[PDB]
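Novice: If you want the building blocks of each chain, they are given just below.
There are 2 protein chains.
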Amino acid sequence: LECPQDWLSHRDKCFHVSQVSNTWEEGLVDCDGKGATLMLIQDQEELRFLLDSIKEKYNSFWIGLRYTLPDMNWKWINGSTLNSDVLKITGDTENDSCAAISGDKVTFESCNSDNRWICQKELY
Amino acid sequence: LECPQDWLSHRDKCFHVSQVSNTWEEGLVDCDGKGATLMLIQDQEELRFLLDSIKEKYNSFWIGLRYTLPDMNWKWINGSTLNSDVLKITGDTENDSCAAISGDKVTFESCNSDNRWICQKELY
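Residue numbers (the authors' numbering), protein chains in the order written: chain A, 92 to 215; chain A', 92 to 215. A prime marks a further copy of an entry chain.
Derived from the structure by calculation, the hints contain no laboratory data.
Keep in mind that the hints are not guaranteed to be accurate.
Since copy identity is lost for identical chains, a pair holds within one copy or between any two.
Unchecked claim - In silico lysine-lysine, BS3-like type, Cα no more than 30 angstroms apart, as pairs:
| hint | residue 1 | residue 2 |
| --- | --- | --- |
| 1 | 196 | 148 |
| 2 | 104 | 146 |
| 3 | 104 | 179 |
| 4 | 179 | 146 |
| 5 | 148 | 125 |
| 6 | 125 | 166 |
| 7 | 146 | 196 |
| 8 | 166 | 104 |
| 9 | 196 | 166 |
| 10 | 166 | 146 |
| 11 | 148 | 166 |
| 12 | 212 | 146 |
| 13 | 212 | 179 |
| 14 | 104 | 125 |
Produce the entire structure from the sequences given, and follow the hints as far as they go.
Specialist: Here is the structure:
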């Protein structure tokens, strides 16, 4: 019983890092199609192991954590409303944020960001 | 009437990009201390001009837009709760997300990210 070919083995899990960057949803669907899921982090060690095997400590990798927000009237810190032109490129219609590993932290980022992603399989 | 020394001039505004990366709040306080504010984007042209004068189209720069979230019970996409060890490095206690320019989009990112920031002054 080994991890599939080209998957990284660690403790009870197999990991695979995506070839391309894309949105969170594209990652979630990609992992599904592999009989896998986006990475669920059990502890910081796991996070450190991955990041040190990949050698991209700055980059962001999508993981399996997301929240949605109700519809929001976005305003600048001075109280002025964002105008039409800027709203066209601000966040996503879905108003979701998605977790990504970066460094040795987990940060939430708009889900339409293009990031690589990490899929996981449980061996045991 | 010129922009201060070392500020970038554009249309009715002067811009200054921070020397170091730090959290959103440190940016907001830094701009204040300069008689300035974090960048408020009037339109995509402005965004393009900055990004093309700086020549860091990938990087994230804080701007003057932020939202807070109520306290949240974070769960993984499979419904399992994040454990203690992972919660220690996931987002920020404040549970805020902050806007940053990247590429030619505005993305929301956890406010404890270390990004450079852009301050603005209005000349007219």
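Novice: Now tell me if each hint is right for this structure.
Specialist: Here's how the hints hold up against the structure:
Taking CA atoms no more than 30 angstroms apart as the test, residue 196 paired with residue 148 passes in both settings, with 10 angstroms inside one copy and 23 angstroms between copies. In this assembly of identical chains, residue 104 and residue 146 lie within 30 angstroms of each other by CA distance solely inside one copy; the values are 19 angstroms within and 40 angstroms between copies. In this assembly of identical chains, the alpha carbons of residue 104 and residue 179 lie at most 30 angstroms apart only when taken from different copies (22 angstroms versus 40 angstroms within one copy). Proximity of residue 179 to residue 146 under the C-alpha cut-off of 30 angstroms is restricted to the inter-copy arrangement: shortest distance 23 angstroms between copies versus 35 angstroms within a copy.
In the homo-oligomer, the alpha carbons of residue 148 and residue 125 lie at most 30 angstroms apart inside one protomer (25 angstroms), although the nearest pairing across protomers, at 33 angstroms, exceeds that limit. Only between protomers do residue 125 and residue 166 lie at most 30 angstroms apart by alpha-carbon distance; the minimum there is 22 angstroms, versus 41 angstroms within a single protomer. When the C-alpha separation of residue 146 and residue 196 is checked against a cutoff of 30 angstroms, the pair qualifies both within a copy, at 15 angstroms, and between copies, at 27 angstroms. Taking the shortest alpha-carbon separations for residue 166 and residue 104, only the inter-copy value of 20 angstroms comes in at or below 30 angstroms, while the best intra-copy value is 43 angstroms.
Proximity of residue 196 and residue 166 under a CA criterion of 30 angstroms is satisfied in both settings, with 28 angstroms inside one chain copy and 17 angstroms between copies. In this assembly of identical chains, the alpha carbons of residue 166 and residue 146 lie at most 30 angstroms apart only when taken from different copies (28 angstroms versus 38 angstroms within one copy). Taking CA atoms no more than 30 angstroms apart as the test, residue 148 paired with residue 166 passes between copies only; the shortest distance there is 25 angstroms, against 33 angstroms inside one copy. Within a single copy, residue 212 and residue 146 get their C-alpha atoms as close as 21 angstroms, which meets the 30 angstroms cut-off; across copies the closest is 40 angstroms, which misses it.
Taking the shortest alpha-carbon separations for residue 212 and residue 179, only the inter-copy value of 24 angstroms comes in at or below 30 angstroms, while the best intra-copy value is 37 angstroms. Taking the shortest Cα distances, residue 104 and residue 125 sit within 30 angstroms of each other inside one copy (14 angstroms), while across copies they are farther apart (50 angstroms).
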